[PDB]
Amino acid sequence: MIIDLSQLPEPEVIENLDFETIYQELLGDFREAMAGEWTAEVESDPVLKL
Amino acid sequence: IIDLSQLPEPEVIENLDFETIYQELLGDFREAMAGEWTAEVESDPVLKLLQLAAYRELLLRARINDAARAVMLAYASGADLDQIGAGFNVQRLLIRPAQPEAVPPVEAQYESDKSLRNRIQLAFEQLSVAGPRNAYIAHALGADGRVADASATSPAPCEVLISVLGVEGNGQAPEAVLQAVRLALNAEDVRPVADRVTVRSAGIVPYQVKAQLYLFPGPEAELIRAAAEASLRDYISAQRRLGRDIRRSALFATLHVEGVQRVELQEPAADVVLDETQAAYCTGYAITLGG
Amino acid sequence: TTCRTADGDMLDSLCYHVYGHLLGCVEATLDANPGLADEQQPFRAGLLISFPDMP
Amino acid sequence: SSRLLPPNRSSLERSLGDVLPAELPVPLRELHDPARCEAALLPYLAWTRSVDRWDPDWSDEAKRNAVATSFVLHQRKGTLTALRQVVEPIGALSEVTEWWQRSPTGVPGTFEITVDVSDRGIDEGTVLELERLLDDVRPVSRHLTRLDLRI
Amino acid sequence: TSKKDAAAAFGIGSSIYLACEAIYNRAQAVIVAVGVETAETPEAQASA
Amino acid sequence: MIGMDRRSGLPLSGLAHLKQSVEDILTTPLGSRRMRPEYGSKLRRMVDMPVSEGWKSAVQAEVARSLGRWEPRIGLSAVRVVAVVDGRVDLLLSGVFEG
Amino acid sequence: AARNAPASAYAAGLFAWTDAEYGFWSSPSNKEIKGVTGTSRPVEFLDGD
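Chains as they are written, first to last, in the entry's author numbering: chain A, 1 to 50; chain B, 2 to 292; chain C, 3 to 57; chain D, 2 to 152; chain E, 50 to 97; chain F, 1 to 99; chain G, 194 to 242.
Treat the hints as calculated values from the structure; they're not laboratory data. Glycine residues also receive a C-beta, built at the ideal position from the N, C-alpha and C atoms. Heads up, a few of these hints could be off.
Simulated crosslink set (DMTMM-like; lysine to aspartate or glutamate; CA at most 20 Å straight-line) [as the list claims (entries may be wrong)]: (1) E/52 x D/14; (2) B/49 x D/19; (3) B/115 x B/150; (4) F/42 x F/23; (5) F/19 x A/45; (6) B/49 x F/71; (7) F/42 x F/62; (8) G/224 x F/38; (9) A/49 x F/38; (10) A/49 x B/45; (11) B/49 x A/12; (12) E/52 x D/19; (13) E/52 x B/235; (14) B/115 x B/41; (15) E/53 x B/235; (16) B/49 x A/41; (17) B/115 x B/10; (18) E/52 x B/10; (19) F/42 x A/25; (20) B/49 x D/58; (21) A/49 x B/43; (22) A/49 x A/29; (23) B/49 x A/43; (24) B/115 x A/12; (25) G/224 x G/240; (26) B/49 x A/18; (27) F/42 x C/55; (28) F/19 x F/53; (29) A/49 x D/19; (30) G/224 x B/150; (31) E/52 x G/240; (32) B/115 x B/29; (33) E/53 x D/137; (34) A/49 x F/71.
A short, non-exhaustive set of chain B residues, derived as facing chain A with CB atoms under 8 Å [what the hints assert, rightly or not]: (35) 52; (36) 53; (37) 81; (38) 84.
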């Protein structure tokens with residue numbers, strides 16, 4: 001009497017990922033860390049390369 | 002059957018602090034920029050990038066560790082043992098499931114933690130149907146209104162003495178609940194072997210404890226006194242879960258909470274012995290303060 | 003829809019030509035591929051990436 | 002790395018592409034292979050495989066085979082084959098008893114076994130463990146506490 | 050043609066890699082390097 | 001807007017930040033950026049195309065496109081092909097200064 | 194630490210850089226050397242003397 005694997009709930013450690021919810025955090029971790037000394041959110045600025 | 006999820010945490014990757022990660026990145030950076038490093042190069046925007054990068058693998062050494070907890074049965078949380086128990090033939094069952102007697106008060110309930118993991122621990126003790134020491138144990142934990150089992154044999158061979166203990170209240174388990182183990186052990190035992198089923202195989206002696214604790218002059222003595230029984234009233238029910246002994250030191254360490262400088266014990270003159278056969282029951286406690 | 007890479011191809015460049023956008027389309031490719039992330043980001047000459055449908 | 006960055010890049014950005022990612026090993030698949038676990042976290046895996054008896058004195062070649070073959074030992078407890086492999090660190094397989102070697106219908110006790118173990122590598126001690134090391138393989142009432150040994 | 054090409058062809062820490070290190074930081078140009086073995090006396094190094 | 005210099009990390013806002021963004025755009029190809037396949041220029045793909053009067057209509061478009069997309073603080077004046085020497089095409093790009 | 198370089202390879206770094214930046218008709222005689230951190234026997238050039 002084995003249980004089929006297709007009726008299990010989804011686990012905790014598997015995460016749907018997003019590039020944006022990592023990259024928009026890195027904006028919101030660097031902008032507050034500069035204290036307004038960096039304010040060029042244009043993509044050609046070489047902070048958005050890195 | 003001992004819970005492994007009550008230990009200090011194991012580190013599969015080392016967990017460095019923020020400062021030695023930063024200087025480890027700077028050293029690699031100097032080697033890469035060798036021949037080009039200048040005082041102007043280490044500017045304020047560049048340094049604040051490196052202070053981010055020292056923090057991101059501070060959250061990745063914390064990511065590998067927090068992932069490796071929930072893979073091992075040591076410190077795995079809910080909705081994640083279903084992936085581990087499927088590897089050990091463990092499916093959660095229904096203990097009075099969601100029957101809506103009335104439709105707005107929904108009453109849904111599953112098996113909780115720290116006992117479903119125990120079944121996973123006993124998963125490999127359910128493979129052998131030739132009856133080792135634990136297969137009589139690990140099949141008798143299919144019921145709910147009991148506690149775990151212990152096996153012994155004093156008489157002539159193929160006479161199994163199993164002690165079906167049960168935690169539901171004051172001692173004696175009902176004989177109608179005793180008949181359920183033969184419904185759980187029919188095609189799991191060996192056929193020539195024959196067991197006798199004794200619920201209380203040695204006897205019950207009444208025990209107590211009387212402790213005169215001290216608290217500090219300071220915070221409130223209502224929630225600190227009551228916090229001692231939060232680690233004690235679930236501890237006494239876990240003693241016959243392994244069938245093993247209680248000590249004098251069990252009556253000390255389960256009463257040390259935040260705000261304790263010394264404790265004291267008077268109820269035993271000397272410690273008693275409780276073997277795998279011998280067990281006892283605790284009737285009623287009274288832990289107050291001396292101050 | 004399994005495709006074969008080359009030895010210098012990269013993941014976000016490949017699935018932009020296939021899908022047309024990259025919002026939610028790269029990490030879904032790493033999700034439905036066993037051991038792709040373990041492999042180095044500059045892919046080897048003959049690895050197989052199975053691109054899923056409905057990104 | 003440097004290649005990941007666009008072709009037009011300074012030598013400052015080319016250095017930061019090797020530093021700002023800062024990749025790490027993920028030693029997660031090695032946690033469930035007993036032949037590839039580290040020695041510091043090996044008794045975590047010995048718990049979930051229900052390894053009943055364990056010693057912190059063996060060599061690492063003698064510790065990993067006790068975890069890897071913990072499935073086969075508990076799968077067929079009654080069979081002789083598991084008994085052969087439960088004595089793994091003590092290299093010993095000489096002789097096993099059976100009914101018809103004794104003529105008067107077995108011993109009183111319905112033929113509890115007196116197995117043979119031969120150890121030449123270690124001579125000091127090694128006796129007081131063997132009456133309880135074989136206790137988990139032994140059923141509760143199919144065998145009696147009679148035992149034989151050999152050094 | 051590059052800073053890594055001088056480290057592989059003459060070794061890091063050589064006296065001629067340190068000269069290519071001086072060039073590839075300011076500029077990026079083609080270097081036709083010869084490279085000689087270290088003579089014993091400093092007077093015989095000039096003859097090499 | 002205040003940004004950092006590409007080499008040497010120095011914070012410069014007006015003069016070289018407007019120059020390190022335009023001069024990078026003309027030689028950065030499309031798809032070289034990570035998760036941004038539309039940043040860059042087609043000027044790296046304009047190499048070895050035949051120099052016709054329809055080719056200058058594309059380069060004056062791609063200068064007006066790739067700078068019109070990702071550099072709004074630059075007003076393009078004129079992209080005049082002024083010399084064809086040895087296959088080398090001299091395109092003069094005089095840009096206005098803002099800020 | 195700070196070692197003494199022959200300062201001849203650092204001058205050829207400027208002859209190769211000005212030909213790529215300003216052209217082969219441009220003298221490298223005002224351009225900056227990047228890797229240095231000093232100069233043995235420092236020479237005097239104050240403003241206009």
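Against the structure, the hints come out as follows:
1. E/52 x D/14: holds, 16 Å
2. B/49 x D/19: holds, 17 Å
3. B/115 x B/150: Distance ~17 Å between residue 115 of chain B and residue 150 of chain B Cα, so the pair holds.
4. F/42 x F/23: holds, 14 Å
5. F/19 x A/45: holds, 11 Å
6. B/49 x F/71: Answer violated: residue 49 of chain B to residue 71 of chain F is near 25 Å, above 20 Å.
7. F/42 x F/62: holds, 7 Å
8. G/224 x F/38: violated, 37 Å
9. A/49 x F/38: holds, 14 Å
10. A/49 x B/45: holds, 17 Å
11. B/49 x A/12: violated, 33 Å
12. E/52 x D/19: holds, 16 Å
13. E/52 x B/235: At roughly 69 Å apart (the allowed maximum being 20 Å), residue 235 of chain B and residue 52 of chain E break the hint.
14. B/115 x B/41: Not satisfied, since the Cα-Cα distance of roughly 58 Å exceeds 20 Å.
15. E/53 x B/235: Violated. Residue 53 of chain E to residue 235 of chain B sits at ~67 Å, over the 20 Å cutoff.
16. B/49 x A/41: holds, 16 Å
17. B/115 x B/10: Holds - the C-alpha atoms of residue 10 of chain B and residue 115 of chain B are around 17 Å apart, at most 20 Å.
18. E/52 x B/10: Violated: residue 52 of chain E and residue 10 of chain B sit about 46 Å apart, past 20 Å.
19. F/42 x A/25: violated, 31 Å
20. B/49 x D/58: Violated, at roughly 50 Å.
21. A/49 x B/43: holds, 18 Å
22. A/49 x A/29: Given pair residue 49 of chain A, residue 29 of chain A holds - Cα atoms ~16 Å apart, limit 20 Å.
23. B/49 x A/43: holds, 19 Å
24. B/115 x A/12: holds, 17 Å
25. G/224 x G/240: holds, 17 Å
26. B/49 x A/18: violated, 24 Å
27. F/42 x C/55: Given pair residue 42 of chain F, residue 55 of chain C is violated - Cα atoms ~30 Å apart, limit 20 Å.
28. F/19 x F/53: Distance ~28 Å between residue 19 of chain F and residue 53 of chain F Cα, so the pair is violated.
29. A/49 x D/19: With Cα atoms ~13 Å apart, residue 49 of chain A and residue 19 of chain D stay inside 20 Å; holds.
30. G/224 x B/150: With Cα atoms ~88 Å apart, residue 224 of chain G and residue 150 of chain B exceed 20 Å; violated.
31. E/52 x G/240: Measuring from Cα to Cα gives roughly 37 Å; hence the hint is violated.
32. B/115 x B/29: The hint is violated at about 46 Å.
33. E/53 x D/137: violated, 63 Å
34. A/49 x F/71: Status holds; Cα separation ~15 Å.
35. 52: holds, 7 Å
36. 53: holds, 6 Å
37. 81: holds, 4 Å
38. 84: Holds, because the Cβ-Cβ distance from residue 84 of chain B to chain A comes to roughly 5 Å (cut-off 8 Å).
Checked against the numbered hints given earlier, this structure breaks hints 6, 8, 11, 13, 14, 15, 18, 19, 20, 26, 27, 28, 30, 31, 32, 33; the rest are met.
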